[PDB]
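Notes follow the structure.
Some chains omitted; the rest stay in position.
Chain naming follows the written order as A and B, and within any one chain the residues start at number 1.
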Amino acid sequence: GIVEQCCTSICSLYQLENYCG
Amino acid sequence: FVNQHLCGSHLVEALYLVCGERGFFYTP
């Protein structure tokens, strides 16, 4: 999930967009 | 782990801005 992806290594704005509605 | 808890707080603030009117489901 987003925590496993983006807390061990930094996520770009586009990578965060993958979690949007 | 508290640090992962604080990280998730910032992630949802980022999702709020990034996702706009689409909104988001936060699934921890």
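Keep in mind that, in the parts below, contacts are C-beta pairs under 8 Å (C-beta built on N, C-alpha and C of every residue); 3 or more make two chains touch, one makes a residue touch a chain.
S.K.: Could you list how many of each labelled chain the entire complex holds?
M.R.: Per chain kind, the total copies in the file amount to A x6, B x6.
Simple rule for what comes next: only the chains that are shown with their structure count from here on.
S.K.: If you average the CA atoms of subunit A and of subunit B, how far apart do the two points sit, in angstrom?
M.R.: Each chain's C-alpha centroid was found; their separation is 9 Å.
S.K.: State the interface residues of subunit B toward subunit A in the complex, per the touch definition above.
M.R.: Subunit B residues touching subunit A: 3-4, 7-8, 11, 14-15, 18-20, 22-28.
S.K.: Which of the residues in subunit A come into contact with subunit B in the complex?
M.R.: Per the touch definition, subunit A meets subunit B at residues 1-3, 6-7, 13, 16-17, 19-21.
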